[PDB]
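S.K.: Please build the complete structure, drawing on both the sequences and the hints.
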Amino acid sequence: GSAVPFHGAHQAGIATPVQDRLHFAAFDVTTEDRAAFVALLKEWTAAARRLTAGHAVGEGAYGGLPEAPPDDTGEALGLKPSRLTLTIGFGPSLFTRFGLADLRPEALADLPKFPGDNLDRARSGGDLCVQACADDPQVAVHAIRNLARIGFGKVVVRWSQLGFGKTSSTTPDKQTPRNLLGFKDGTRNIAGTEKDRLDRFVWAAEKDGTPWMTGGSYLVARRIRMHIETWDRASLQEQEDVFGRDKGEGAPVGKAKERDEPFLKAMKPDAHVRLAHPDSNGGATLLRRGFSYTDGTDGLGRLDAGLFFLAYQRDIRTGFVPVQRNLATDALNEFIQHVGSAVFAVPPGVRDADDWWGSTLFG
Amino acid sequence: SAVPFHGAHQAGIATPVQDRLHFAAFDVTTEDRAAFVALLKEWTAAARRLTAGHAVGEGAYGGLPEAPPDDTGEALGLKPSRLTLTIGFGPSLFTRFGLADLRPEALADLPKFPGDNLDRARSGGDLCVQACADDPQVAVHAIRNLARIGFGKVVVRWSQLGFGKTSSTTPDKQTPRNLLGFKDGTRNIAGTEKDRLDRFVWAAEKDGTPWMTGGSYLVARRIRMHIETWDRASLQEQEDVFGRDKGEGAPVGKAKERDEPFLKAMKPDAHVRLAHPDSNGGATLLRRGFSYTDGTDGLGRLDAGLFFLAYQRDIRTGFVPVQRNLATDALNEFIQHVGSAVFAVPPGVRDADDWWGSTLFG
Ligand code: HEM
Ligand code: HEM
Numbered sequence: 001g002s003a004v005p006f007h008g009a010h011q012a013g014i015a016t017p018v019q020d021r022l023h024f025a026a027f028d029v030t031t032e033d034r035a036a037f038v039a040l041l042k043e044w045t046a047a048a049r050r051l052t053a054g055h056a057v058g059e060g061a062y063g064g065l066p067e068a069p070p071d072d073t074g075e076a077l078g079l080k081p082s083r084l085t086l087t088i089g090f091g092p093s094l095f096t097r098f099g100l101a102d103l104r105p106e107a108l109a110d111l112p113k114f115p116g117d118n119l120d121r122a123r124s125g126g127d128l129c130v131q132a133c134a135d136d137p138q139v140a141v142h143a144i145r146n147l148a149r150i151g152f153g154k155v156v157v158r159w160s161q162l163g164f165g166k167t168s169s170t171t172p173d174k175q176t177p178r179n180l181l182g183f184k185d186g187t188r189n190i191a192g193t194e195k196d197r198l199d200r201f202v203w204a205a206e207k208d209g210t211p212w213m214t215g216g217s218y219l220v221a222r223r224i225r226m227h228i229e230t231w232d233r234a235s236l237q238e239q240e241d242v243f244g245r246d247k248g249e250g251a252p253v254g255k256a257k258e259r260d261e262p263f264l265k266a267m268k269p270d271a272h273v274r275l276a277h278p279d280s281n282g283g284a285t286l287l288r289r290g291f292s293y294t295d296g297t298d299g300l301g302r303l304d305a306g307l308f309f310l311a312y313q314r315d316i317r318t319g320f321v322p323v324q325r326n327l328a329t330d331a332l333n334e335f336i337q338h339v340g341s342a343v344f345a346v347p348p349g350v351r352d353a354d355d356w357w358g359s360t361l362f363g
Numbered sequence: 001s002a003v004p005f006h007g008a009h010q011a012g013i014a015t016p017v018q019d020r021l022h023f024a025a026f027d028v029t030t031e032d033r034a035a036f037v038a039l040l041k042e043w044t045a046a047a048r049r050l051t052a053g054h055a056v057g058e059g060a061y062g063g064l065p066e067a068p069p070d071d072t073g074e075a076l077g078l079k080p081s082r083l084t085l086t087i088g089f090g091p092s093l094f095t096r097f098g099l100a101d102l103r104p105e106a107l108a109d110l111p112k113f114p115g116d117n118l119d120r121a122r123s124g125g126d127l128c129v130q131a132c133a134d135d136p137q138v139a140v141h142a143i144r145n146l147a148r149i150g151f152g153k154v155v156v157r158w159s160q161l162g163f164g165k166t167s168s169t170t171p172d173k174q175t176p177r178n179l180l181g182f183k184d185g186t187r188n189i190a191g192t193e194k195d196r197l198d199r200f201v202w203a204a205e206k207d208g209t210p211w212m213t214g215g216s217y218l219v220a221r222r223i224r225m226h227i228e229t230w231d232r233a234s235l236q237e238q239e240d241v242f243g244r245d246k247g248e249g250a251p252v253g254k255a256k257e258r259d260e261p262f263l264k265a266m267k268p269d270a271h272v273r274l275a276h277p278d279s280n281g282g283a284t285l286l287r288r289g290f291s292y293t294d295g296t297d298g299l300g301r302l303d304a305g306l307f308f309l310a311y312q313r314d315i316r317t318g319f320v321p322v323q324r325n326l327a328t329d330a331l332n333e334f335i336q337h338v339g340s341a342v343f344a345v346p347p348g349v350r351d352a353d354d355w356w357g358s359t360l361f362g
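These protein sequences, in sequence, are chains A and B. The numbering used here applies: residue 1 is where the first sequence begins, and numbers increase by one. The numbering used here applies: residue 1 is where the second sequence begins, and numbers increase by one.
Be aware that a few hints might be false.
What the hints assert, rightly or not - Partial list, derived from the structure: chain B residues whose beta carbon lies under 7 angstroms from chain A:
#1 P68
#2 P69
#3 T72
#4 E74
#5 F97
#6 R144
#7 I149
#8 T166
#9 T169
#10 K173
#11 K246
Stated by the list, open to error - A few chain B positions that, by computed beta-carbon distances, are all more than 12 angstroms from chain A:
#12 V3
#13 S92
#14 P171
Stated by the list, open to error - Facing chain B, according to a computed beta carbon distance under 7 angstroms, are these residues of chain A, among others:
#15 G54
#16 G58
#17 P69
#18 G74
#19 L79
#20 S235
#21 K247
By construction, these hints were calculated from the structure, which means they are not laboratory data. Beta carbons are placed, not taken as given, at the ideal position from N, Cα and C, and that holds for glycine.
M.R.: Right, dumping it as structure tokens:
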């Protein structure tokens, strides 16, 4: 239930070990006052420092003036930090505001349209995002609820997503979690200890073209519905052939152990792993950081479930875009549908107690 | 680690409250009584496996390559996680299989309550399965696999994910808070309270329905919270709504959470004053609910609330009087009941040969 340090060269919640739970919110900005938006960023940063240490925001959750609404809504009283991280990103639509147009990063690329997509516009996009991850869902929900509340009048929640369980790993020494298709997801990712690979594939560098984003990263989010009925009547072999790994151990086809290296020519040519692997994509590599979701039933007698896919990369054009384009013939396509999308530029870290989210962008 | 599946009573009622919930209501599609009994047996066999952390059937892998796996595999590598699976039978079930005359009188339909705004699509159901565990993926895997075993005979009508505390980092003794920020569960019925369970929770044979002896009756209410309105209320306003203070959760005028309330010190329409047994002719409930958050609604606001569950020996003498007494509750400003269902939760699976519903079906 320990704390993850909030300050750094980088924002936490990226290279950080992946926590069990997610509460992801996309916000739209409803103020045209740049000073008022800067004030909100600083208030949010102050709140995030309290939240990530397990403390109540502002003057607390009780013991103020009886006639005042409490500054903190109280539902995380008595809980631990629970490895809460709070990661902010700026969507491309933000840059149309506050005189920011010339500061939109080129690496913050709008995605192309992909075959098969049915994107819900209402649950897509956003001027900004906050990714809350924690081992306790109440802790994550408290954090989002309180940031939204602080932002009342200046931002609104466009759309949100709860992730009930992780489907990703930045810690290859630890058990790889399974997605709702029953396969381990995150075996060949990027570990938080692999500083060279993080610098190569995840962190923006000044020389890339956008100084304010040095030490930041770029995020793609995709809400991916799973066709659970269709998958569950597939044979074991068909399932394994879809991925290129066996189900129980998660080893590449033909191999004994999960972490043995793929031999891609032994996989079907439309196997997900074969198509996704960096060696199939000119070296393109991602830090995947997604979670499973369920959002009731579909009105047709079935559970509604999926995977909320999150990828961090140094440049959207060299990371998600080439990989996803290469999945055009993926065997997995028969079992999924992308139904939500958004991109964000995730700024560098909050250096110390005097810094604030977005300071390098806004000055 | 694991909670025994077998007993005089189903687990998941009196047994310790786990951190997470996946509750599903099912509608029955078969008209064939024998086919439904066969499903109850297959479900019981699966539940035995699930509650011990094992995959259903022949497993999640290693079978014949050309066969779909019996278990969908998303709980491989996880723990039993104190999973309990509790089945219940809705009033609508009894219109099937010739059962009309074995519907319990204690399984009463709820009246319309003031301020109800019930979504019929997220209300009712022929059956329910309450999956409670500390790991939400364990719960969801159970429901998903039961639904898959059932497909052809039952469908999922509605489902609800929920959460309480996270017990790895939160003391078990500690009362959880709801999303209004108040402690919720201080004055309840405990699993240790064997006599209170017999008085207020378990159906007795003498009550009129022999098949239900050792069972209980369940009321589910999906209760939306008006978070943004609540969060604009003053601290005094919030405490006045409940009759307890927010930080300690002590009754007004008292020092400690567990100090017994003086009801007359609370406002007349305070929640605790209206809900207390002394205000309801002694009517007492076993509350077993969970918070939810589904998302954002369409207007920027938080789709959050309380999935309220109450167990009782008779709906007519438990939930109905208490909820009736909340007609004037100060809390009503901040909540709305948007879903509802009732179930008759049969007695326990006695041993390895028994099956869910055996006392009803014979
Ligand atoms: C519901 C959707 C998806 C499911 C169920 C899924 C499942 C999996 C599984 C089971 C693995 C193998 C274990 C591992 O992580 O190494 C894997 C690998 C991977 N996936 Fe996905 N995936 C999905 C979507 C995507 C998307 C949208 C992308 C990128 C656009 C992606 C990129 C990758 C990458 C890069 C690998 C590692 C390949 C390698 O280097 O060995 N996945 N996926
Ligand atoms: C969102 C809806 C609700 C919230 C936020 C809420 C909150 C609470 C809180 C904070 C308490 C005090 C602590 C405790 O003893 O548990 C309480 C007590 C109680 N509530 Fe509620 N509750 C809600 C709905 C209901 C409903 C629908 C009923 C029953 C029909 C109910 C029955 C009770 C009872 C019987 C008590 C204990 C009273 C006593 O014996 O002292 N509640 N509730």
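S.K.: So which hints don't hold here, by number, going up?
M.R.: 5, 7, 10, 14, 15 and 16
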